[PDB]
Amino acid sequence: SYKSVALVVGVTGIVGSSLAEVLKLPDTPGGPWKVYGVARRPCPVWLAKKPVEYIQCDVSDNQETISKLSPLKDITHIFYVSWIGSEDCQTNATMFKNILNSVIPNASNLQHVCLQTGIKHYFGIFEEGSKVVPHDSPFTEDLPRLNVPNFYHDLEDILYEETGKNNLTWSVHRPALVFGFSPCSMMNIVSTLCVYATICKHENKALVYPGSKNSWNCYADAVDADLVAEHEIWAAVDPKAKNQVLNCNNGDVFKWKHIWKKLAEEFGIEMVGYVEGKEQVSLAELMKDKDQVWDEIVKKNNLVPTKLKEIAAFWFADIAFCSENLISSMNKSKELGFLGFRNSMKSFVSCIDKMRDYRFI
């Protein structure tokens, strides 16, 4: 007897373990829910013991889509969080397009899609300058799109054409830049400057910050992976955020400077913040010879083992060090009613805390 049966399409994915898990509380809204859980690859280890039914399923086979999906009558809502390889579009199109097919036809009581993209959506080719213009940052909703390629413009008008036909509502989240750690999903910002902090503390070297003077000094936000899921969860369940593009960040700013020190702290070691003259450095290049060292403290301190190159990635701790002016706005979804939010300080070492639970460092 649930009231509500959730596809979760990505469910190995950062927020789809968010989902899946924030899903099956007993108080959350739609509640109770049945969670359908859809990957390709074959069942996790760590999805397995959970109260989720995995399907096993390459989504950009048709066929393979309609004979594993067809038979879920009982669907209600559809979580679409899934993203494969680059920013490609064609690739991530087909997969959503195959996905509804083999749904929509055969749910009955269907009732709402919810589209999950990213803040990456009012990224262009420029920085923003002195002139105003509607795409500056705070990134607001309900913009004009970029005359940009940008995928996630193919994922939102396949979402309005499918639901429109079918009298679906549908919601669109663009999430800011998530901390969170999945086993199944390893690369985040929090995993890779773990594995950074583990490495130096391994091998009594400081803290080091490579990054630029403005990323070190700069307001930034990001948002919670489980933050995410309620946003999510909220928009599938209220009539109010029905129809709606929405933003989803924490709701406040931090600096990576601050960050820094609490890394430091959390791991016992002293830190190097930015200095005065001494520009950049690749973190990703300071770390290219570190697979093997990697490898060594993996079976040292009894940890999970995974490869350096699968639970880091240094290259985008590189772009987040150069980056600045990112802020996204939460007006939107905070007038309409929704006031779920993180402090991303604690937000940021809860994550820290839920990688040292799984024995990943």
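Positions refer to the first chain, counted from 1. Take the two forms, superpose them, and find the largest set of C-alpha atoms that agree within 1.5 Å; that set is the rigid core. First, how it differs from the form deposited in another entry.
Large C-alpha shift between these two forms, rigid core held fixed: of 113, 186, 81, 178, this applies to 186 alone, with a displacement of 2 Å or more. Core-aligned CA deviation for residue 153 between these two forms: less than 2 Å.
Relative to the superposed rigid core, residue 124 undergoes a CA displacement of at least 2 Å between these two forms. Once the rigid core is overlaid between these two forms, residue 299 counts among the residues whose Cα shifts by 2 Å or more.
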Second form
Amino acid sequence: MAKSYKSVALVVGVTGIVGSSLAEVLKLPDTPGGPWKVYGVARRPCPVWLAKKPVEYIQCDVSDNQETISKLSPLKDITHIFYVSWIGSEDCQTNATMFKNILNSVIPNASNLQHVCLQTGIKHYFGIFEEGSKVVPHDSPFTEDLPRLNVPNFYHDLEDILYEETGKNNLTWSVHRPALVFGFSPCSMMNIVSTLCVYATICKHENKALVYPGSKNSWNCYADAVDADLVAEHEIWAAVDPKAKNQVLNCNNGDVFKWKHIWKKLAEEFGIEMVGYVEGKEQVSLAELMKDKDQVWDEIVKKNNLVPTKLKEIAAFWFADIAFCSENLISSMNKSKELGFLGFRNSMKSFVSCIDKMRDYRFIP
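Shown: the form deposited in one PDB entry; wanted: the form deposited in another entry:
Partners and other molecules have been left off, which leaves just the chain.
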């Protein structure tokens, strides 16, 4: 195909928590559909760490249609699209615009396009806005055959565009609904591992205890997650395997864990005392505990010689608070299994795996 590649990927959201994994996994010689040529699209200018990646980086505001057409239409060789991004808000039309503009720019020009992977999430099973009355969310373990809830969810819009555009043209599709993503990206708007690692790094820096600010339920309830590299495996799988073509597929590690056990590992990996859930104590907003704490992070990045990140950029404490008030949100991976996908991760090891990687990439050690 191109030069002498077998497949050419277009990772939209390459700086993302999943997009970064695709930027590594795709370039492996063992990766199916290889050898892979990878285009990586993000809004920000290419960071230092992604410059060290064998990926044709593309700086484009996908919300801007004319800019998208200008930068993507020359890419005649694209074979698989991995839409792994979102605007940063739950705005349905702005998110749809991005996805539309990708398809509007590539489909007519890419003469050998085959597949489009659309990544959404488990929120497709329980998304609710105006809380205080009706519309009851689905019960878990969530299965892909569950119908949409009567609410505005941009996941709906994205699927609609996906189903239609991949229908008008002889294209295959695949919808991926990952669980909580354990990743390493420092520029994700939702990186739970980096967030908790930052909180840990700061607790240690001030010689304070790693205090669990969450709820009683989230401390003891069964929770599930998914390694970012696995979501990469799962999306690549659906991209090349006929068995997974035109299918909606969940994606988790295959196991369950508890935050009480994660919290201990987090403290052990940092060598500090931890304060687990106190009986009777109510949840405290970690976003409040870490407000006005940026200078402390600025200092840490200097003193520890870490890759320059701002606290707002690498940590989403609001996202932790939500996860720490969430129970009964486990998804099923039977479908992918029965379709032949045998990918799994020990969630406990995966968490440490993400800590170690962000240490290796100088985001946190």
